[PDB]
Amino acid sequence: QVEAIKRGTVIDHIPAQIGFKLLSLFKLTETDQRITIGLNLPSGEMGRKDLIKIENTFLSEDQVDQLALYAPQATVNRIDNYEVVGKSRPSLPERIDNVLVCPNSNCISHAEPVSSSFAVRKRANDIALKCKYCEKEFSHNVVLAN
Amino acid sequence: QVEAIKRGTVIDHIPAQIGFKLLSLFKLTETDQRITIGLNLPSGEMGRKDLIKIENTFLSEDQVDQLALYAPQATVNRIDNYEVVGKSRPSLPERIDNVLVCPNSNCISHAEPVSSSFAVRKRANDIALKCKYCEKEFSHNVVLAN
Amino acid sequence: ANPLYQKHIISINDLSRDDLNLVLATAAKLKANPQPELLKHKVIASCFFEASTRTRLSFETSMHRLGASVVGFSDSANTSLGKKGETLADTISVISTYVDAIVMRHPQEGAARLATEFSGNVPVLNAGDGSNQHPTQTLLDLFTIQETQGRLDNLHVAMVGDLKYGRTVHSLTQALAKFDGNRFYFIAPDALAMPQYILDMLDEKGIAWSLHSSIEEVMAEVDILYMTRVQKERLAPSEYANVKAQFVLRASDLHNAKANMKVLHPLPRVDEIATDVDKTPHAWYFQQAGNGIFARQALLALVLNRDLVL
Amino acid sequence: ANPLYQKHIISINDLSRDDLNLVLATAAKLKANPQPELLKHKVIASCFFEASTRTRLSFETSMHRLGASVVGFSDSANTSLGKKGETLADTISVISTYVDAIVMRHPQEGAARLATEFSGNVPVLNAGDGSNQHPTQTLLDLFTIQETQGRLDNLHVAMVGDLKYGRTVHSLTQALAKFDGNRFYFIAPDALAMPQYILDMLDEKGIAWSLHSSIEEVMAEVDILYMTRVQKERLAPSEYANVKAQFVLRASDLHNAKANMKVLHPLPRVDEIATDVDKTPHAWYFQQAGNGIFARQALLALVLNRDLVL
Amino acid sequence: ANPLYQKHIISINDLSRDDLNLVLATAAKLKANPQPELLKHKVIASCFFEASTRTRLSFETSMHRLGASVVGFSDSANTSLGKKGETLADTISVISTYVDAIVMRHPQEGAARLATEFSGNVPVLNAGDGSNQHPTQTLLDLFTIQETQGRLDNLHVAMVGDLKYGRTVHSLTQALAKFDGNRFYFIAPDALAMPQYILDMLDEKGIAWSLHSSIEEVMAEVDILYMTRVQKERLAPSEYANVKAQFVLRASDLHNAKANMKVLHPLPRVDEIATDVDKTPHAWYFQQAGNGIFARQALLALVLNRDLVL
Ligand SMILES: [Zn+2]
Ligand SMILES: [Zn+2]
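Residue numbers (the deposited numbering), protein chains in the order written: chain B, 8 to 153; chain D, 8 to 153; chain A, 1 to 310; chain C, 1 to 310; chain C', 1 to 310. A prime marks a further copy of an entry chain.
Take every hint as true, because none was put in to throw you off.
With a Cα cut of at most 20 Å, we get these calculated PhoX-like pairs of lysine-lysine:
1. C:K232 to C:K244
2. C:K42 to C':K40
3. A:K7 to A:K42
4. C':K29 to C:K42
5. A:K164 to A:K244
6. D:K129 to C:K205
7. B:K34 to D:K34
8. A:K258 to A:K279
9. A:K205 to B:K137
10. C':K279 to C':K258
11. B:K129 to A:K205
12. C':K205 to C':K178
13. C':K164 to C:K84
14. B:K34 to D:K28
15. B:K139 to A:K164
16. A:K7 to B:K139
17. A:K40 to A:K29
18. C:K40 to C':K42
19. D:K137 to C:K164
20. A:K164 to B:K137
21. C:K164 to C:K244
22. C':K164 to C':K244
23. C':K232 to C':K164
24. C:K178 to C:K205
25. C:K42 to C':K31
26. C':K42 to C':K7
Simulated from the structure, these hints should not be mistaken for lab results.
Given only the sequences and the hints, what does the whole structure look like? Please build it.
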């Protein structure tokens, strides 16, 4: 069950085996201030899950919504000084910049010192993104270096 | 000891934020038993540390071996139900087995399907490692460095 | 306070429907009584990062005919980004401190979108950014259809040929759909299929499409037929299979072809179109070619003058 | 049953004294004494993935002479390995068979221990890999050691030119670093002056090995002069202002040598040696490097026969 | 006086059963039994106009082993045929002589029956022409047929990868299309799935031959698994999105094979087979393709000797 934090953010409810990723992909390592990631743990509200508790670290709402796609239903028990104080949802946002790696090799979104950025939107049974640079709209899956 | 479980090796004394690899570099993060993390935690030796919580599972051999260059003070606490016993020491075999990112781009053992092996003349210095196919003795520092 | 003023030319889906009308109003006014001064002093880098005959020249002629002094490169080599290994960024970054506008064209996708991050105040116009877009052909196509065919709505066009890469159609196609009244009929190879990122649209846009593999089929139908050259240089070494012209229009195809219907090719025609047809009535690719001067001129003016022209 | 038999011929820093002298002696005895009716079975292929004149002809020839033939190929030209498509191993898999014996010469190192991983039981022999090793291009001179001074023990060598790259001299401060009372004389620009790690295996006995000034001065102190071509064809751009041997060799400077000291070279030679060197009781690189015959044969045999004497 | 003797070695669809088994049996007997004092006269040249590793070394070697030598050339590099100037025939005219026997490997088909038109009486042997035929790269496996199941009669093969191009499998549904009760299992993309015309000679007896789904399912039904490299180096642009074997082979999918069925390959291999295939009581392509020795020799002899027994 990890423990009990002081002041910082916490992500109650994180899809199993998905807490490692939302961490490894992100520089939630770069951050030195103590982190107790509880990958694979009992849920209670749900059955199984993952619970992050990065202290001293604060995520207003940009790195909040970016989880919509990933962890659909989740929670931010924004505990500030041993006391829980959070009311934020991982809404689907306009477009999540600087993060993903474009599929369209020819697109001009990497080859230059410019950063990347794909527009978020909900298609059908699945989500699909469009790289603003090259107006192309690839599926929310194919957008990786595999 | 503390929140420890029954059977499930625990990896202590890790250089600050090196543990993070043990899950992506080692992809150990693909399990369904307990794995409660906590990197960047305070330590009573030198600087800070990182620990991984394993339930129903322990270490192995090549994981006793990779620990070596991985961490000097690495003290894997293999607990047989609340009792730490196999506090084995990180030691790497003289022989080097297919699990390294070599720097001698010349030794064609790069672009052609092979078996990544080197050497390791353990000296009271670094965990360097002489080339196996090129016997060019270098230092894990870089070889292993990014 | 002209609309497109200080605005940038990049992707048609960055505008609307009612947005177009403005240049077109500008245009029909010039095809009439012009103004060889209206854009004096002004300097426009006509830097092209890829080959081209009609989109560059015409454009310089659309600039020279208005009074705007220009000095841009034809070949993206004898420039610092060439053998000096300089990134487009810097390249734009600086060129932007010499000219009042950049009218480029670049081999990669959305390299135009690049410019603006290193442009700002300075207007950037694209002569096609990779198979992606070519917002600039759509406009000359725009003058045509509306010109040679009264109204601009309630009609059907037969887009045939390399669609997966035709910077051309994407733009135009996506353009039209926005109008109230324009059915779409796409005729293309198995592979060269019209990118989806345009397909879905019409759908929601109520605009309906359908795929056919004949020229005669929608013969008596389509008010206009848009043919495309095959992005030969723009191809991965797999799609290379369906290389040549799976579709090559001819004469007799004009039997039950509707009167006002014409052939439109943004040129150059590689093998898709015959020369004997140039004599025919529909032959307008050529007339659909000299439009740019007018389209690009109208267009140029706008962005370059807050106040509406004459 | 002998030590030097069925031994994978790759490198040399892993064997004991007993071995060389072993075959070395078979060479004093194979100085002029041909035995056809012997290994007239075991077929061999000459596999030249690089370009060296002697070792190739010298080898393929002793292969011929010691009663037999030689298949192989001069280059990775017409081989299913690339054109068709195959890994240096796949080829070996099937290679073990046919030519029970084959020699490998790759422009990349480590490859030996590779082809030698894809054979099974069938014996190999890599006379040079990338620029890291060479077994056969040493012993043949180790012959020239007895030809110039007999006793291989205590002496004073010298290695000019490139010494870090070359797969030839790599066996020097490693095969003799286990001999006796020998004094090492090196000569090569910083990075080339041979790494200290080939020099760190000699820490258990810590005998001779140093580097100073030009040939002009270390000549009246040399008992053995063995230069080495500056591996012009293999290195790194990061250091390109050194295609020249720096320290050359001309009668002009050599007229201060010891008494039995002779001039030897790895071969091929370019500027290292002066054409005016041909005329000297020292210029021995002629016969020096030319032992492959009397040489190679000596070992060619031994690594493919049981309890045999000569 | 025998049937398989002085026979122009080109293709295989024109001979009768009696032939193979003939030499096939000479191979079970040439499994380890060398006879020098025999054809130690008839000189042969290894003429490699293409690039295949085994057949080349494997061949030139048995040429060596069966008491003799091998001239030839690895490529049309230093030959008066091009540089100087000559037709593939002119060369033959003079070629019949010297090397009474020669093997021809052209990157173009039909050429066999050509060189074989410009010899006169002197015997030939084309082990692969363009991508239409191959005599010697079949029998050697027909050996592997007895190595895996003995009896060549009734079975269930399988040929993955490219099957239309390759000059290797071209002899399959043609040499056995005259055998007995055999069941054909093919696997290759439409045009590659072997033409119906090689399949139309089997209309006089109409036995087995079909094509369906992926390897995933036809593995628990195969008695013989013989894939084939996707002739990446020879084809047509008109179909370039298929450089990949489509259907691969990994322990992962193979763990459903019959019982004596083994994994064989034409060679060279690339992706067709997985390196993790090496470890399997089936992965036989190792010895499978490696019969040239025991093999070739068997026929090398027979086509150059009178009334001889072994
Ligand atoms: Zn993109
Ligand atoms: Zn290596």
